[PDB]
Amino acid sequence: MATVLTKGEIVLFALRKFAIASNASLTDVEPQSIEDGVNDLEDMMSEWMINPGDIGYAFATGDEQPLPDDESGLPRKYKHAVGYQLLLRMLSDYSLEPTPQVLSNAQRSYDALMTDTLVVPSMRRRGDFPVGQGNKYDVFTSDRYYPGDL
Amino acid sequence: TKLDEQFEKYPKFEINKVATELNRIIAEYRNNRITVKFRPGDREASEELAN
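Protein chains in written order, with full-length UniProt numbering: chain A, 1 to 150; chain B, 52 to 102.
Because the hints were derived from the structure by calculation, they are not lab data. Any given hint might turn out to be false.
[Said to hold, decoys possible] The calculated DSSO-like cross-link candidates involving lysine-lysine, where the alpha carbons are at most 30 Å apart (straight line), are:
#	chain 1	residue 1	chain 2	residue 2
1	A	77	A	17
2	A	17	A	79
3	B	63	A	136
4	A	136	B	68
5	B	63	B	53
6	A	136	B	53
7	B	88	A	136
[Said to hold, decoys possible] Some chain B residues flagged as far from chain A (calculated, every beta-carbon gap over 10 Å):
#	residue
8	54
9	55
10	57
11	59
12	62
13	63
14	65
15	90
16	102
Even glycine gets a Cβ: it sits at the ideal position worked out from N, Cα and C.
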C-alpha cells in the first residue's frame, strides 16, 4: 500500500495520542515500552481472529520475536481503529484513565472498521420446499424441490 | 437472484382456475352438435330434391 505500516508505527501512534512519548508535548521515549507495546499488539491481533474476524494481519512465522520494524500487512484504512483499541488496552500500564473524547473517537473508529466487514448471511430455501410447475422442473431444469444444501 | 453466489429461483406455483368455464362451454356444444339442413321450397319437386 501507500507507505506500508510497520508494527512500530502503530505503537508509536498510540503512545503519542495520549501524550506519553512525543515531540509535541514535552520530550522522550523508552525502549521497554516498545517491546511491551508490540507484544500487546500481537496478542490483540491473535484475539481478533474470533470476534471482529481476520483483517489481514501478518503474524510472525515460526517463533522468533515480532520486532517493531516488521511489516504489519494492514491497509492504511485501519490504523486509527487498531491504534485506539491498543491504546485502550495499554493505558493501565502507566496508571491512567481515558477521557470521554478518547472513548468517543475509539468507538467511532471501531464502528468504521465494523462497517467494512459485514456479511448478512442471507438464509436459503429448505430442501423439502417444492418448486412450482411454473418453472418447468421436467425439461428446462431438473430436481423439483430445492436442493437447499450444497 | 444470486443469494450468496448461487442462483436460487423464485417459486412459481400454478393454480389453474380459468379453464372450468371453458370446459363447460365446450361440453355444451359437444352435447348438441348441429349441422346443415337444406330446407325445401314451394315447388312440385323441391321436397325430393332437399331429401
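Hint check:
no.	hint	result
1	77/A to 17/A	holds, 17 Å
2	17/A to 79/A	holds, 13 Å
3	63/B to 136/A	holds, 9 Å
4	136/A to 68/B	holds, 19 Å
5	63/B to 53/B	holds, 17 Å
6	136/A to 53/B	holds, 20 Å
7	88/B to 136/A	violated, 48 Å
8	54	violated, 6 Å
9	55	violated, 5 Å
10	57	violated, 7 Å
11	59	violated, 6 Å
12	62	violated, 5 Å
13	63	violated, 3 Å
14	65	violated, 5 Å
15	90	holds, 51 Å
16	102	holds, 55 Å
The earlier numbered hints that this structure contradicts are 7, 8, 9, 10, 11, 12, 13, 14.
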